[PDB]
Amino acid sequence: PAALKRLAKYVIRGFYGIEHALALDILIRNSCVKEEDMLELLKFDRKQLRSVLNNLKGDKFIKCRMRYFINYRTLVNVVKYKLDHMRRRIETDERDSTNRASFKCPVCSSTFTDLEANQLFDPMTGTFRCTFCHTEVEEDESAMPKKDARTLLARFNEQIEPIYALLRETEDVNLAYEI
Amino acid sequence: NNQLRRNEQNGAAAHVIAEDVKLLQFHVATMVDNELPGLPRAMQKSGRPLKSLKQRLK
Amino acid sequence: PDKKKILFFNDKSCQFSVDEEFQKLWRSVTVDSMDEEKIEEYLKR
Amino acid sequence: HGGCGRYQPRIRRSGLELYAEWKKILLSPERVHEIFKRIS
Amino acid sequence: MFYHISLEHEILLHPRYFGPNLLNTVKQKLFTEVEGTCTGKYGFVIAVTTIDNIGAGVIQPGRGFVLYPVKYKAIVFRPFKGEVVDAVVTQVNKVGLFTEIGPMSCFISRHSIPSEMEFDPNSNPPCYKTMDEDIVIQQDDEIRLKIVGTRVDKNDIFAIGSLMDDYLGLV
Amino acid sequence: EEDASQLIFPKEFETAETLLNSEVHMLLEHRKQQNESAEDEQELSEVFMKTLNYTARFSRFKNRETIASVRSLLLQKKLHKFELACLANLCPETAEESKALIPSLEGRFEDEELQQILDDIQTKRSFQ
Ligand SMILES: [Zn+2]
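Line by line, the protein sequences are chains A, B, C, D, E and F.
Residues 11 to 77, 92 to 203, numbered by UniProt numbering, are exactly what the first sequence covers, in order.
Following UniProt numbering, the numbering of the second sequence begins with 287 at its first residue and continues without gaps.
Following UniProt numbering, the numbering of the third sequence begins with 195 at its first residue and continues without gaps.
Residues 181 to 202, 212 to 229, numbered by UniProt numbering, are exactly what the fourth sequence covers, in order.
Following UniProt numbering, the numbering of the fifth sequence begins with 1 at its first residue and continues without gaps.
Following UniProt numbering, the numbering of the sixth sequence begins with 14 at its first residue and continues without gaps.
One or more of the hints may lead you astray.
Derived, one-sided and incomplete: chain C residues facing chain D with beta-carbon distance under 10 Å [stated by the list, open to error]:
| id | residue |
| --- | --- |
| 1 | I200 |
| 2 | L201 |
| 3 | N204 |
| 4 | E215 |
| 5 | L219 |
| 6 | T224 |
| 7 | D229 |
Simulated restraints on C-beta separations [said to hold, decoys possible]:
| id | chain 1 | residue 1 | chain 2 | residue 2 | range |
| --- | --- | --- | --- | --- | --- |
| 8 | E | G149 | F | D133 | 26 to 34 Å |
| 9 | A | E193 | C | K198 | 35 to 43 Å |
| 10 | B | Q289 | A | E46 | 54 to 62 Å |
The calculated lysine-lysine pairs, modelled on DSS-like cross-linking and capped at a C-alpha distance of 30 Å, are [to be verified]:
| id | chain 1 | residue 1 | chain 2 | residue 2 |
| --- | --- | --- | --- | --- |
| 11 | F | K90 | F | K63 |
| 12 | F | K24 | F | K75 |
| 13 | A | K170 | D | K213 |
| 14 | A | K57 | C | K232 |
| 15 | F | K75 | F | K63 |
| 16 | F | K94 | E | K129 |
| 17 | F | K112 | F | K94 |
| 18 | A | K67 | A | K128 |
| 19 | F | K112 | E | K73 |
| 20 | C | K232 | C | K206 |
| 21 | A | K44 | D | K213 |
| 22 | D | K213 | D | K226 |
| 23 | A | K53 | C | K238 |
| 24 | E | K94 | E | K73 |
| 25 | A | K67 | B | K337 |
| 26 | C | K199 | A | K170 |
| 27 | A | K57 | C | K238 |
Since the hints were made in silico from the structure, they are not lab data.
Backbone N, C-alpha and C define an ideal beta-carbon position, used for all residues, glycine too.
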């Protein structure tokens, strides 16, 4: 599991911050990890160390082995857990509606569908007139830039895979090594 | 609501969240019924306890 | 602790910072709840 | 029928929170909510 | 799709109509506010032909009126999405082709019209034609179109169509 | 969500017996024949002639027995009755057009079968 500690080297790099990461570095050696030793070594605060440990406990990152004196060992199989749910939420914000180019009247900032201004469509002017005011309609304008968000997320969320490729690959090859 | 949204929007210490989740629980259990024993009563004016919804239809 | 206990310490070779991860760290707050590992596999099937 | 073997705690209740010791775990509304979300 | 279905309705009578010829007075009052006023949930009410039975008139407490339930068979038109229909063009514009099926309005977007029939605002009647001018679709032209989507509001119905599909154009 | 391409009708359309532009056209004058007699009645509606002026300019067939046969034509066929009314007001001439007109009849019969009925239609339809 030396390359299992390598997926770990890449997640600490990829995610948790210096204060967390320094503690996580100690977690590297899964031989013996007491609370008094880790406190004295990290040169951290006891309340604060307890917060980080409690945070790591929340990850189920560690299996608190009681004597009382403690020991801590990896539990996260949630690398997929962050993945399946995050991909869902990003694909929700990505998947847009349609051209959804509803007429919108710039004077009253009222919103219409292509259907809304179609009933309004004024045959004497060959264009679309707003309802209560005859001022000509415009594009959905700003409204929801879900299409720009789709493009951005795609570049941004899938652009972090290459830098994660080292670990996405190590994990995959390490899991195969574990059998 | 608005101050808890931003406080766990940035990953707080996971300890201010207990004592403010209890605040939210209290505040929302304050609107509906206040005459439940325990639960120190809330007040705004001159010692006026709240007139909860179940208190509005006595 | 503000300016009290200190560990000057050195490690680096490049890493990534994810804005969406920050939202995901907070959109995955389940902790104890169970029955989630199987759901992940069902979404990939 | 149903398959499981573990125990259940003795869920106490205190003020606005509820405790449970078979290990005194104070129950979360999200947790019991997800528990309820699965009853047929 | 022109359907011949059975539905029902109720009429409130004012007490000044009682007496002789009470029953037929329900009939004339039936035709008016049921036909020629299309709805959204059942489609288009065009004409009724038979009235099956008139229920018993329940005198509601106070307010005088007596309500008689009635059962009738009325031919109804209700178009569906994906339906193919022949239509008439009522107005031609650069954003598309306006056609109309009976009382229903219909819009054909230009992107849903084959590129061969390019828009021609230069002609005194605005039109859609092939570069070779093999065909020139304009106003009051008879065409076949495919319903891409339908609408029903208060009493007016609309649909949206496409000429891109095969076997479409003048009929 | 409600599309006749996927054949989703409301469950109220089980006894929804249908008709085409000519049978509509037939009774439309009988309602005008109702306006002939039964005097002391007001004017007509607007949609009544608006549809009548539309579907009388274009017809699908010519007379009664032309349809009285074509409904007996599709009588013995293994059909959804929705199918008959769709092409009764289409008048197609090529079989793959009809299956380009219908997203649902690719995989029912031979192509020439409905083409033969298309031939049966173009044989009975008197063009001018
Ligand atoms: Zn306006």
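A quick look at each hint next to the structure:
| no. | hint | in the structure |
| --- | --- | --- |
| 1 | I200 | violated (36 Å) |
| 2 | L201 | violated (34 Å) |
| 3 | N204 | violated (41 Å) |
| 4 | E215 | violated (22 Å) |
| 5 | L219 | violated (17 Å) |
| 6 | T224 | holds (8 Å) |
| 7 | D229 | holds (8 Å) |
| 8 | E/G149 x F/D133: 26 to 34 Å | holds (33 Å) |
| 9 | A/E193 x C/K198: 35 to 43 Å | holds (42 Å) |
| 10 | B/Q289 x A/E46: 54 to 62 Å | violated (37 Å) |
| 11 | F/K90 x F/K63 | violated (35 Å) |
| 12 | F/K24 x F/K75 | violated (33 Å) |
| 13 | A/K170 x D/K213 | violated (46 Å) |
| 14 | A/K57 x C/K232 | violated (36 Å) |
| 15 | F/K75 x F/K63 | holds (21 Å) |
| 16 | F/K94 x E/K129 | violated (37 Å) |
| 17 | F/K112 x F/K94 | holds (17 Å) |
| 18 | A/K67 x A/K128 | violated (52 Å) |
| 19 | F/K112 x E/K73 | violated (34 Å) |
| 20 | C/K232 x C/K206 | violated (36 Å) |
| 21 | A/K44 x D/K213 | holds (24 Å) |
| 22 | D/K213 x D/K226 | holds (24 Å) |
| 23 | A/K53 x C/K238 | violated (43 Å) |
| 24 | E/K94 x E/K73 | violated (43 Å) |
| 25 | A/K67 x B/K337 | violated (43 Å) |
| 26 | C/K199 x A/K170 | violated (47 Å) |
| 27 | A/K57 x C/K238 | violated (41 Å) |
Comparing the model with each numbered hint stated earlier shows that hints 1, 2, 3, 4, 5, 10, 11, 12, 13, 14, 16, 18, 19, 20, 23, 24, 25, 26, 27 do not hold.
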